[PDB]
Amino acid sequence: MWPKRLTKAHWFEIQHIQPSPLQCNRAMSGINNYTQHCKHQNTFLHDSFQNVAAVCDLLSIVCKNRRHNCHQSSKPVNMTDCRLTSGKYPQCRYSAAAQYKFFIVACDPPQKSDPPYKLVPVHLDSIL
């Protein structure tokens, strides 16, 4: 699901693009303010948007949802895994775990208001 007045690609950026790494409790409010609920888990990718978008041009592989719009990053990236440890919104508190892993993104053509790449990331399908 995504906030219905946004596109999937915009929500993907909100949730997962974080080249400037942040503390989980601070960063997670940007996500949770949209839903008024504490998300249980979220991965922040510490790479620039354009480096994530470039992954969309690599070999297409099957996603968990069995679409064929997934792509494996060419390199591992730094990430932060934020996991909910206590609270109901707005008092959401998280633990953080540092990771350095490959990721698999799903991409689709942009929808109205997205930047005019051929393909934009829409889901973080998995990490490796």
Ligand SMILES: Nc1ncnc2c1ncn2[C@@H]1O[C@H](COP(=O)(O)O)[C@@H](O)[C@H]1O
The other form holds:
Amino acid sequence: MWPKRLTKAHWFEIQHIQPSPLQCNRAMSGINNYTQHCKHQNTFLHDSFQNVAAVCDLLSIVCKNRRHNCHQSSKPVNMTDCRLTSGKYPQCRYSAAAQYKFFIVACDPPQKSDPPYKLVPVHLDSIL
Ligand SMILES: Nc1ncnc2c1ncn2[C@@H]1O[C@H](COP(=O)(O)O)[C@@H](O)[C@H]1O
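Output the structure of the form solved in complex with ligand AMP; the preceding block shows the form solved without ligand AMP.
All chains and molecules follow, beginning with the one already shown.
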């Protein structure tokens, strides 16, 4: 199980960080259990947390919400997009779709239970 409250960066890793591609239905059961509903969609970045956190130190750019703490990866990355096809919670079923895209993440200061990097990724801002 996960604690009563994880940090935003830790939830970002649980939700979007799977360096090895896996099965959607398998990898979604944890997230849907923490949310108590079948998540309609989620993107898995096939990269190490160390790699995605390193994007936080590249040039800061604008986000969708017009905040300015977003950073774009310098290179495309492998991804799998899970899509809720059927099933009632907790029996959520998904279809997988591979992608090779750039990503933009929003970063913020580490919270006191996160690793002490200058910045940590907390939100998958966009795929492009
Ligand atoms: N543009 C943004 N800049 C900074 N933090 C954000 C941004 N969008 C979402 N967040 C944070 O990311 C968390 C949720 O992200 P997510 O679950 O990926 O939607 C919350 O703690 C938000 O405050």
